[PDB]
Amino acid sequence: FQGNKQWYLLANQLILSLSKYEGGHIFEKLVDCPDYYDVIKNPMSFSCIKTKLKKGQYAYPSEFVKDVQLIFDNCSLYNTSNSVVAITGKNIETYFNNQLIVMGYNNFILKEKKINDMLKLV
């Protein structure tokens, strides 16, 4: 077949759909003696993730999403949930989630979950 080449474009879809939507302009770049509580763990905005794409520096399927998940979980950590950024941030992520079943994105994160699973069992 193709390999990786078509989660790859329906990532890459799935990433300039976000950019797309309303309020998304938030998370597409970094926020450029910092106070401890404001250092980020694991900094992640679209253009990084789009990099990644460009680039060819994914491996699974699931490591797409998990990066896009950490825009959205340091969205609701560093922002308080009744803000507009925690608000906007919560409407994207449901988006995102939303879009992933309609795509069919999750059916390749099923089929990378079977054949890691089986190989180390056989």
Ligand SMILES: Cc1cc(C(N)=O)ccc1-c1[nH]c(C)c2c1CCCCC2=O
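Numbering follows the first chain given and starts at 1. So that the term is clear: the rigid core is the largest set of C-alpha atoms that superpose within 1.5 Å between two forms. First, how it differs from the form solved in complex with this ligand.
After superposition on the rigid core, the Cα atom of residue 59 is displaced by less than 2 Å between these two forms.
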Second form
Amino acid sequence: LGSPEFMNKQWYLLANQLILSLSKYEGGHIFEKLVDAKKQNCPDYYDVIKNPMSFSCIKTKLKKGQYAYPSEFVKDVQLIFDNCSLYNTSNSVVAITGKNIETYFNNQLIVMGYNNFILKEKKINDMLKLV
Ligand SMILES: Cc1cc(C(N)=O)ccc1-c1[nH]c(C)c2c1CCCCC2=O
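With the form solved without this ligand in hand, show me what the form solved in complex with this ligand looks like.
Below is the whole assembly, all chains and molecules, this chain first.
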């Protein structure tokens, strides 16, 4: 019940619930799929954003088991909000929406206790490099 596999199954379920609540939050539809430069009238998006990321890209990596640490899931989610704060002007609707979901995501990490999984990840790496 306390095995490393039980914890690894836990934060995979917490991340899967997190990426669902982000997809359902207000304005979350603008981060679900990757930006189609032609349909959204942004021909220079991938000339500025070189590491694109969307909710669908994170759901796929969760389904294929491509996250080794719980901190890697947060980095992909934060990358979405970082690409949003970069390409979009600070007073644009998208940038405001991105900041609102960013706060929601960070507060959901507190409520769900996901951060405690990242801390134990760091301690385990310490108690492993010491041997
Ligand atoms: C993909 C997308 C879809 C819709 C939709 N179909 O409702 C609305 C907005 C956006 C969107 N998402 C991001 C992440 C952005 C944009 C708009 C373009 C500027 C780049 C940017 O930050």
